[PDB]
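Enquirer: Chain by chain, the residues:
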Amino acid sequence: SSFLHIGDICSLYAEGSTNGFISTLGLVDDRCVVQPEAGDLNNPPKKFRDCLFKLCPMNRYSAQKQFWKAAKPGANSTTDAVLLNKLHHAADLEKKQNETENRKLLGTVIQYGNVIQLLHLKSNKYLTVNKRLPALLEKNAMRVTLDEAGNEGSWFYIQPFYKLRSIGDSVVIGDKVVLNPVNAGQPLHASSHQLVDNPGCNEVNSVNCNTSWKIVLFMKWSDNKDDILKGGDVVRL
Amino acid sequence: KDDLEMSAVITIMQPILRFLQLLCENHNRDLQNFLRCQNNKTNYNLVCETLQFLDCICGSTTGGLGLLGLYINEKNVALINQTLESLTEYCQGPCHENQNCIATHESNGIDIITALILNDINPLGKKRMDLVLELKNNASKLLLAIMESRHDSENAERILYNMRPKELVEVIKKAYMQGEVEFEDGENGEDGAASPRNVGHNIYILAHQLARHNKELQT
Amino acid sequence: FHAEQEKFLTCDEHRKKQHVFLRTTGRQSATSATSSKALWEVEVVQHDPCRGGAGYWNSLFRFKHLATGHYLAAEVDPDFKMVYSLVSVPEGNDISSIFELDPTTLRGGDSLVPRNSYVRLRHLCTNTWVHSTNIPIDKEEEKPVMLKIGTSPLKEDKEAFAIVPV
Amino acid sequence: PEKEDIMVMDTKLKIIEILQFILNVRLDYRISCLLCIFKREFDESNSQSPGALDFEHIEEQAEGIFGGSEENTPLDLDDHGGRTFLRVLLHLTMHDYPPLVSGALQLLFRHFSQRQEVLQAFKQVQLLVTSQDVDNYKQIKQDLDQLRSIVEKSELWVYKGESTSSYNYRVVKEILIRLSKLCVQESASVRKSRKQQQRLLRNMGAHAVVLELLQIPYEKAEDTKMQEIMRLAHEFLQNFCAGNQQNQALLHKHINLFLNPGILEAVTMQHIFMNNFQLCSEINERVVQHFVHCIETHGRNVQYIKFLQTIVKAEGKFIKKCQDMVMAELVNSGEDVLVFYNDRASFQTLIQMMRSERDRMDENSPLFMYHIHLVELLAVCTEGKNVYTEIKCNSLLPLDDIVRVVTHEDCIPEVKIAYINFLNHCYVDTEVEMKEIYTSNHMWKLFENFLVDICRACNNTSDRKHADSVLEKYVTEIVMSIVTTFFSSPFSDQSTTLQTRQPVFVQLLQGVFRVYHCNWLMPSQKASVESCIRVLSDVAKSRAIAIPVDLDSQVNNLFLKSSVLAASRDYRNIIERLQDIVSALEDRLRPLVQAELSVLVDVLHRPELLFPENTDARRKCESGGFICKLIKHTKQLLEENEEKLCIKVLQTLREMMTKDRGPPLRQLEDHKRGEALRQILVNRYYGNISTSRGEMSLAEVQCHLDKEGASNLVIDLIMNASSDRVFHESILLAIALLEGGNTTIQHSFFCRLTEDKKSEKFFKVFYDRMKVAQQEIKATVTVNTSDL
Amino acid sequence: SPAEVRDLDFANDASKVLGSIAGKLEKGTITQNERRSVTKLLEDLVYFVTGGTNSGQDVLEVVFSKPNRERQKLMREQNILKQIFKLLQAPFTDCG
Ligand SMILES: O=P(O)(O)O[C@@H]1[C@H](O)[C@H](O)[C@@H](OP(=O)(O)O)[C@H](OP(=O)(O)O)[C@H]1O
Ligand SMILES: [Ca+2]
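Protein chains in written order, with PDB author numbering: chain A, 6 to 242; chain B, 1954 to 2172; chain C, 243 to 322, 350 to 435; chain D, 960 to 1008, 1025 to 1136, 1166 to 1566, 1589 to 1688, 1722 to 1748, 1784 to 1882; chain E, 436 to 531.
Any given hint could be a false lead.
Claimed, not checked - Here are the computed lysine-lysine pairs in the DSS-like style, where the Cα-Cα straight-line distance is at most 27 Å:
no. : chain 1 : residue 1 : chain 2 : residue 2
1   : D       : 1324      : A       : 70
2   : A       : 91        : B       : 2127
3   : A       : 51        : A       : 70
4   : E       : 451       : A       : 130
5   : A       : 144       : D       : 1872
6   : A       : 168       : C       : 424
7   : A       : 77        : D       : 1855
8   : E       : 475       : A       : 144
9   : D       : 1872      : A       : 70
10  : B       : 1994      : A       : 168
11  : D       : 962       : A       : 136
12  : A       : 74        : D       : 1113
13  : A       : 127       : E       : 462
14  : A       : 136       : D       : 1865
15  : D       : 1389      : A       : 136
16  : A       : 219       : C       : 424
17  : E       : 508       : A       : 52
What the hints assert, rightly or not - Here are a few chain D residues that face chain A, going by a calculated C-beta distance under 7 Å:
no. : residue
18  : 1391
19  : 1395
20  : 1399
21  : 1436
22  : 1440
Hints are computed from structural coordinates only; laboratory data are not their basis.
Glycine residues also receive a C-beta, built at the ideal position from the N, C-alpha and C atoms.
With the rest of the complex left out, here is chain A:
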């Protein structure tokens, strides 16, 4: 039986009040939007490089968060240069090791109750939920955005939407699941509201709901080889 793995490439298809593939609004904008009428699982939209996400393991962020706090203009000193150099070196080593286990963890099966990060392939930006800001269109909801580097808000619990599978079971492609941030503690919700500047577009936020993120496989990790020709590649004839 096919199972999910680290490094797999797949899309997400919310089902419920609004059904459609989650996507973005270009590289200049950093807002996740689900488009209901653009397509379906049987009739995918014309453009299909916005809905692709690559699964990544949990990454440490303590040193990165500490460096971010240090970079905030709150403590200026002559001797602070050496401290900032040390913090930058620590962050560099932390990033290098994160990449090392990212290389070493590929192919491992994904089970319910684990922590995963979604990497948008087109924008190369992780999906994150900020815990200090509310949604632009929904006030009681919670803000969802993207970030190039990521933070503690990028960790996502994977949990079953059906009672068929329980925690500890491997995830089988084609099952509806529920995504929960570690810190926000609220499932990703496909709002029924309409964006003013774009017709049909629906905002994606973080609030308690009953929306299931049916994962749809697009390409396995093993097939993801740079030296071969694979679907979705762009080349010149």
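Chain A is fixed; fit chains B, C, D and E with the ligands onto it per the hints.
Expert: Chains B, C, D and E with the ligands alone, transformed into the frame defined by chain A:
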């Protein structure tokens, strides 16, 4: 006004750590190999979590670059001392499995031990140097106990990878002159065994075993 | 045992007519509601009428109520959009009482069926799929306890039963 | 085997409660004797009067009525020095009936800790002042006796579907109002609480009678005399609980009786929970949620919101847990509880209700103070600079709605507090400050209204009796705070509109200075008024804001300037000497109390010695049967929900491991007193027929306890530890047993763990007890640095 | 190269947003929102062509080295040039 008293969940750890140390005391072989793995359906690694507590209490890599001064305050010295002491008896004697479980852990807990003896603890050091003395003494004892007559090279290279040969030989002297400075006006180090004499001596002993797999260390 | 609805498949006689329903429990622990009328015996279809053999994913199964002795079969809904509903039949040799097991996770067609693995009842005579409705069958009373069960022509991945070992 | 009949074995249990009372009355006798001692001492003291009481003469009188004297034999039950009293409890301890032996273990704790149990009981007491105290005592006595007689005569004056019932209907009301009046007095403008009358009333126990009366079922459909009787009982209870903290704790034990959807029954609820940090730290979730469900079910009432406003902020200290918990359930409460006027259509309804409220003529206020309370409670529950509460509350009421309501001309001063201070607590007094506030000119639109309001308030020199106190409070506090927080905040300095509206700042500073000119300023509010002036002056100095020379000179000037007598004396000195004497006696028993606390473990170590030889009891005690059976009893003590007893037994048993044998001058004499009392008491209890004990070495004491099963007790308690205290005591006991690196206990632990497949609970408990600590410490240690 | 397609998509998005910005210019319906949003647009193009970070100084007081060889072609191909000078004269075409 100013209570400065840590969470009760933190406090309950100290008697738990002491109780865990008491079973493993006297080199009771049946327990060092039992706490690590229990041969049950879902065995919990007590040694690994004990190391994880020390790793998290010190900030891990954030505190592994000379940040011991801020993390180590005048209130949690007892807890970290108990943690280090408890870690000591898990690997005392020829407990090879616990040595492998501690040195080859996925986390960077070994780095805190290695950098504990080098980096100072301010403002604790300038105010209470004696606490730094027994802290570094216990770190040195743990570092000696992790080797503990071991012939393999993987543990030695694991310790040496995070610790260049130069600064060990340097800190040997940096732990020497002030030992005589204390005696210049009366040391009385027989009862106060935490004097820099034994502290530097233990590091020298550790370097003696470490040099067997480092062609540059003996220079 | 229905995994999602948390209810036990049951066959009983109401108003002098035998009906197959999904009984509704009345407490938090739905699994503990072990009833004596919910026992079903497995009959693997074989060419030799006196051979029972083992169970395979591709094998054909027949289910017979232990207490009553009736077979589980599908027939056209008199109301008819669930065209087919599950009932009890005394006759056994008909092909209308033949079912197939679809595992939730993909497994080979020549593997031994585990005793307690979730399966989907794939009907074979009509080539439909089992589906749990939500329409109680006893309208004359006040508290619905019995719910009719039907067949969905399109496959659903949430209506997987559980083979509870007795 | 040997099935003793239950009906005959219950007999000893029935004697146990006899022992309880005959031990309890001895405490009353001892405190009576202690009172007589002070009677004599004050009689010999006041006659001479340089006033100090003869403590060295008090001590032997106190110690002669407690033990070791000729007249101390009647206090001892068996008139044999207590030798034969202990053996019955010890023999009953081996019996196989759980509650019987549970009571038997409780008896000996009281028997040994007589000195301790006497001193707290004597220190909790009270006494009468003048003839007024006697009159109050008598009146409360007759009132309570008469009320109790009617309580037991309830079925005669109660309609279950002048006459005696008619006479009672009236006569009960006067006594209830008398009991209510005795609690709290009212002055001209200050409500003070009488701390001595409430103490006398609680000592009497009128609360039990009132609670029993409230418990009686009733029908409010027809008889309103009963309804007002119950309301009067609630009023008395509210007055009883008002002004004190321990009364609230006493009434907290019947919270399950007060889970009713009634109005005044709920009015008692906030009085129970007012101004009590410790009591509100353990609030019940169910009651809080049930109040909101009552709002959603039984209409909109302010009695339900007063409780929430009280519990969210108790003792003036912000409560983060309650603040989060309120909106944890407010979201699911729907729009029935949360009603807000946001759009123009609802704002028109708000204004049309506001005009009629300005008329104050009927049917407008009930919806008016309810909304006021909702907004104020949101403000109070959004303090603490907590992100969760403020983000969730922003949706219900945005800045635009507050601006619209405050800028409207019909905004009465009371409304200005309700929304302006909520705006402060929702946007300004926030950890994550919203930059839209400081980058918008709406704040200046609010300054304009504040300027006009301050001009109105300062121009109130035409009618002093009609001056608005609420408006004065608003001017003195809310504007001052919302300006001080704005200007002093370094983040708000990034706004570029500071230098674009100088003329309004000139008049704003003039008005803030003019507020100081008012003669009605309270001393507390004057500091708030001056803080804003100082902040504005510092901001002007730092930013070089252009200010007229006259106003700057005014600010600089303000900164630079800134028979009966003897009768009263006798009892007044008596009362304050009682505390001194109680403290002195309590101090001079600690060197003695640990003596018998050690006699506990002394007797438990050698229980066979007390009973005469050639007997079955001594035979079973000599083999360790007593401790062995007590171990299985303590195993199940926690099962029957007996936490205090289990803790007091584990702590006492842990004393078997501490081997100690005996300002330094005081410690020497105290230790010698303790040894002198311990030796005589132990020798009296023992009565063995120049002796040395020769205690066995500490190395084998642990092994002896191991053989009795104490190895199993610790493991089983740790697996089934439902409380932190029990688990902590088990850990301390296990540490004490394994001291010195004993190998017998280690091997016993190893064999028990390897021979039981259920050690998974043990190890999971240990794993989780540190995982929680790791989760807490990760969020605790975050300080970075700030340089020297 | 995986970066070339990202660069092309970024350039095309910056072109299409300005297409809608200037489409309503003739009718004069551009407001502060359509002015505030497009205000931050211009800062992106300079660092897209230069490929550097923000120096923290005034945006107009930065003198750069030789521009990128290929991205200059990308702006001309993707019609960014058609709108880069249309934006500057756009407010003059607006009200007033
Ligand atoms: O615990 P109680 O007070 O005796 O009452 C139980 C309750 O009525 C349950 O609803 C019922 O299960 P069903 O609703 O499924 O009938 C159960 O029947 P059971 O004991 O036969 O399981 C009863 O025992
Ligand atoms: Ca494609």
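Enquirer: Please go over all the hints and tell whether each is borne out by the structure.
Expert: Hint by hint, here is what the structure shows:
For the hint linking residue 1324 of chain D to residue 70 of chain A, the alpha-carbon distance of about 25 Å falls within 27 Å, and the restraint holds. At most 27 Å may separate the alpha-carbon atoms for a hinted pair to count; residue 91 of chain A and residue 2127 of chain B meet this at roughly 23 Å. With a C-alpha separation of about 39 Å, the suggested pairing of residue 51 of chain A with residue 70 of chain A is violated against the 27 Å cut-off. As the CA atoms of residue 451 of chain E and residue 130 of chain A are separated by approximately 22 Å, the hinted pair is consistent with the 27 Å bound.
Among the hinted pairs, residue 144 of chain A with residue 1872 of chain D is inconsistent with the structure: their alpha-carbon atoms are about 31 Å apart, more than 27 Å. With a CA separation close to 17 Å, the supplied pair residue 168 of chain A and residue 424 of chain C stays within the 27 Å bound. Proximity of residue 77 of chain A to residue 1855 of chain D is assessed by CA-CA distance (about 47 Å); at most 27 Å being required, the pair is judged violated. Among the hinted pairs, residue 475 of chain E with residue 144 of chain A is consistent with the structure: their alpha-carbon atoms are about 25 Å apart, no more than 27 Å.
With a C-alpha separation of about 13 Å, the suggested pair residue 1872 of chain D and residue 70 of chain A falls inside the 27 Å cut-off, and the hint holds. Of the supplied pair hints, the one linking residue 1994 of chain B and residue 168 of chain A holds, its CA atoms being roughly 25 Å apart against a limit of 27 Å. Annotation: proposed proximity of residue 962 of chain D to residue 136 of chain A is violated, straight-line Cα distance about 67 Å (limit 27 Å). Annotation: proposed proximity of residue 74 of chain A to residue 1113 of chain D is violated, straight-line Cα distance about 71 Å (limit 27 Å).
Proposed proximity of residue 127 of chain A and residue 462 of chain E is contradicted: the alpha carbons are some 35 Å apart, above 27 Å. Restraint check for residue 136 of chain A and residue 1865 of chain D: satisfied, since their Cα atoms lie roughly 24 Å apart, inside the 27 Å limit. Between the alpha carbons of residue 1389 of chain D and residue 136 of chain A the distance comes to roughly 15 Å, so the proposed pair stays at or under 27 Å and holds. The suggested pairing of residue 219 of chain A with residue 424 of chain C holds, with an alpha-carbon distance near 16 Å, which does not exceed 27 Å.
Straight-line distance between C-alpha atoms of residue 508 of chain E and residue 52 of chain A comes to about 25 Å, which keeps the hinted pair within the 27 Å bound. This hint holds: residue 1391 of chain D has a C-beta 6 Å from the nearest C-beta of chain A, less than the 7 Å allowed. Because the beta carbon of residue 1395 of chain D sits about 6 Å from the nearest beta carbon in chain A, less than 7 Å, this interface hint is met. Of the supplied interface hints, the one on residue 1399 of chain D holds, with its beta-carbon coming within about 4 Å of a beta-carbon of chain A, less than 7 Å.
Residue-level restraint check for residue 1436 of chain D holds (minimum Cβ-Cβ distance to chain A is 5 Å; threshold 7 Å). Among the interface hints, the one on residue 1440 of chain D is violated; its C-beta lies about 12 Å from the nearest C-beta in chain A, farther than the 7 Å criterion.
Taken one by one, the earlier hints fail for this structure at numbers 3, 5, 7, 11, 12, 13 and 22, listed in ascending order.
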